[PDB]
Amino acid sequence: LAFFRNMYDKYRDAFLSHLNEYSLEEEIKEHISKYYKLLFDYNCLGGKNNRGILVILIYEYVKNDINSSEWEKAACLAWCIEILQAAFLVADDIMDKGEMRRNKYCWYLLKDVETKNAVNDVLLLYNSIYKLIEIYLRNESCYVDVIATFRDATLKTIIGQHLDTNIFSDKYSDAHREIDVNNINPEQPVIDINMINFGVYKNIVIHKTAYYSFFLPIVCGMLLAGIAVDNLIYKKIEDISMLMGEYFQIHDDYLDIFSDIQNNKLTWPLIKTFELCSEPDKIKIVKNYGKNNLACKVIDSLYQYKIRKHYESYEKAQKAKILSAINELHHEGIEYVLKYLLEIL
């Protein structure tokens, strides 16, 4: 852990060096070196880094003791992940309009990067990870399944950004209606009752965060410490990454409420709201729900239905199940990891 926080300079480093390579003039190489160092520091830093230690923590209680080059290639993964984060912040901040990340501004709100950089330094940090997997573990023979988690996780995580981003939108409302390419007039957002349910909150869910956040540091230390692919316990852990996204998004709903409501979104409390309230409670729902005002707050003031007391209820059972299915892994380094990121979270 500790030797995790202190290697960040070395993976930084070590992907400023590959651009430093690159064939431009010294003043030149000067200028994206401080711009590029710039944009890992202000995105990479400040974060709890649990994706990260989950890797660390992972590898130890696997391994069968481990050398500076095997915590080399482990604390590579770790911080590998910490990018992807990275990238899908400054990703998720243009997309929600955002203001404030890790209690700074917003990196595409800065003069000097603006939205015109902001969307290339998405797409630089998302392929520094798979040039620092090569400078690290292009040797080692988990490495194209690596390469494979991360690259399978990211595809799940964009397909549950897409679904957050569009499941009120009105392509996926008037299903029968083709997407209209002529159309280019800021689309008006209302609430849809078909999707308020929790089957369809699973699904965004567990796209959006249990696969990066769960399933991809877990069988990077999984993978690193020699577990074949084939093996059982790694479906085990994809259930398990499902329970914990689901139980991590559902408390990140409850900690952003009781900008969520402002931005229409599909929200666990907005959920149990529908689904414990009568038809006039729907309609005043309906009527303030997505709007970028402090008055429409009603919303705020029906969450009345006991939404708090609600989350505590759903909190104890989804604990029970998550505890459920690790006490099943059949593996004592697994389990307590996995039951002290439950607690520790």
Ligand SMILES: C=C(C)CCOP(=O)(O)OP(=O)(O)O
Given for the second form:
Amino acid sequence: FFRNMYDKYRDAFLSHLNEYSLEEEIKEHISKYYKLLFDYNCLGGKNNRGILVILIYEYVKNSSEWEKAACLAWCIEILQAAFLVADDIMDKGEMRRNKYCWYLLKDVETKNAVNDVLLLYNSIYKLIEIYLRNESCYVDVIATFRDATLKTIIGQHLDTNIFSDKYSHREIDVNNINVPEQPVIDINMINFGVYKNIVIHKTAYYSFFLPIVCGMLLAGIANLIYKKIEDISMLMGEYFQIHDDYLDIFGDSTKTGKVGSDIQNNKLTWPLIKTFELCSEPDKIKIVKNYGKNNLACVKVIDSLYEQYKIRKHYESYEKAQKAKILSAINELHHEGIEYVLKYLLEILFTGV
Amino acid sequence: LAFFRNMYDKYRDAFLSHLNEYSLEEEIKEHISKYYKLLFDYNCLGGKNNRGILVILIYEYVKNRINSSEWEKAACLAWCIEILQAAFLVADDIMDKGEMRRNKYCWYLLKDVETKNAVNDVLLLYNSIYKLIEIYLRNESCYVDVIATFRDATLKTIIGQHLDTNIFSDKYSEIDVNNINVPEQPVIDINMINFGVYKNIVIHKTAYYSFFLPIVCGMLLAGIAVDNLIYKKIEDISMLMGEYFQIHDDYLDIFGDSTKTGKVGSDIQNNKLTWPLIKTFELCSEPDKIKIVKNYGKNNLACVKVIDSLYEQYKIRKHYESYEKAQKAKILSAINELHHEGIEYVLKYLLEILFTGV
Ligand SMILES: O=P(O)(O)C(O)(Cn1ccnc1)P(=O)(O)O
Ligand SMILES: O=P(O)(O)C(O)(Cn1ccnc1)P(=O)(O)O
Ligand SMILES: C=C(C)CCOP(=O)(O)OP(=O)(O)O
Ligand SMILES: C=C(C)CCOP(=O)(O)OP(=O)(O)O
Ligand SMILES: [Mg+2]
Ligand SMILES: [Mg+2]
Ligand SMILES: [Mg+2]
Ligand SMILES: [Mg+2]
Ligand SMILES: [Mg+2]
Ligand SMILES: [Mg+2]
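What would you give as the form solved in complex with this ligand, now that the form deposited without this ligand is on the page?
Let us now look at the entire complex, which starts with that chain.
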């Protein structure tokens, strides 16, 4: 039903903008643009986050109560949209959900895309106000979105700068606008400790913690269960991001809906760390020389090393062991309702529905 | 006001401290602190601080004097509007291909930053506000009213920034979801060159976050009830002031000195619907309208020189001076209708320091 409800939350927000003191023709233009900004970026995904709000709420506890839950559910889908528009600018994305990235469109470009990230982000809080301002969890829901957003921003910053020169005794150069940085990996950062730090922040909080907490706050949970949920969410985000990093190398872009770019974008990935952990000293030198380069021969070397050190096999073994670790933590929850949803989510996570 | 200048470090370090509580390795926490301290210092400092100072003054002149704990909450809100200014200017300079901001290179231009960090940093600066309002005002009765004013002021600014950026775009003069290879050739839309459309843009991109938001912050914190009719009068004065302030800005883009303004002029080449463009279109001959269509929105010296020459020809400097004189009077007349001596002094004073600061 949540999928039918989409139009309702979008049109509620578009109606808010239509109340602005603008000339009728200008209101018509802004409606056309923003309807597309929402449809294009909120639709086409698995909707795992939104569906998770709906299920957690149902299994913790009418149409009026569903109107509030589906609002929160669509707000996380709007947050996903905001983060993916910004991520694709940052990661020089080509494709998103089998459509061109929003920032690439000649009618949009980076100039609109930056402004649109802020619009999508701010639409959430207007929608929570419209549907939940008189709820007791209202300020607690507002704070959950803000804290999970702040954590994602830090994660995105680490993902984007972990190998940067400013981090590899000297300070950021405020006088350099002409000498580009040559991306090189920092071997001191190639460890799972650093990787887990990035991954819990850029994915776990907004993808797992935020939807579960939304459903729980709305259903009325005040409680030490929230720390257990936080810990499961971290295990789940790590598991989900490792699979994503796997797909960037071994996935099919027609199936994933996006084009792989981590080797050329100098990302600290799970396949990188796993390879560094297993490979020979000359192969470490090969990685340093060829990683972080938007050049076919360079990415081919890295890709060949991922085949050589059987990264596909190590991932399969990781997934098996991490799913067990997640299930073991879920069993310690002592809440049958939440446990069913989380066990179910774990099964559909990579496929959706 | 002295409390404001000196308490910057306090709000900056309170937010930095919040991030230092994250589950991160000690060396990674040290790197995040170094980066974010600079993102705040570089983009929150160097301005007139008119918005922040306005919160401080409105609060002071609404109340009957104020303890340090009350000042801590006012200066928080004041610095939060300076952080909002920082977020909006960082994004604005990406959109407008800015070169200089407050006599320093724009943040997005730095090789250690770039657009990839700048976009993420706009979101950080924006979200830092709400964390700071929570830390210092969560137990206040105006708490929900303050965060709602920030988000509505921001939503209105985003719409104006969109109109400022797309008013002359082909999609407005259906959006093509299949075109990522055929660039749009920037052209002015003569049907949009009117003050009606101009006021719609400037009221949204400037008046709400620059005038309405800081006055309402000081008023909500001082305890004026959200149902009070004075808030609509303030909204109307803020619109008059926002329009007045933006027109002066457009004036400075052509006639200002970049060492004094701290920024390099670009509205002609960036194809903006400005006050000098509308005033010239209103006064000029049909062949001069053709000259504008042919030479505006072109990053080319000869093309910009034509537009500059037309602004000298139609005495835009003189028409601006006549506008400023008439708009200042209209603002003062609306201020006199407030029936609040405290707010009236602050707004009269603001109107004097608006272009200089202090
Ligand atoms: O690999 P990323 O972190 O950029 C990604 O997973 C998106 N993302 C953004 C934040 N967390 C995850 P995507 O591979 O979809 O481009
Ligand atoms: O001319 P803009 O509106 O882009 C500007 O005034 C910034 N701005 C952005 C919104 N309102 C004002 P700036 O000339 O400082 O680059
Ligand atoms: C956050 C990660 C790891 C990848 C993007 O999220 P999803 O894979 O949930 O994207 P959609 O289903 O929303 O397309
Ligand atoms: C919003 C407009 C019109 C120009 C930028 O604002 P300011 O001129 O107040 O900028 P700073 O004082 O903050 O540099
Ligand atoms: Mg990314
Ligand atoms: Mg990406
Ligand atoms: Mg990925
Ligand atoms: Mg600008
Ligand atoms: Mg601008
Ligand atoms: Mg300007």
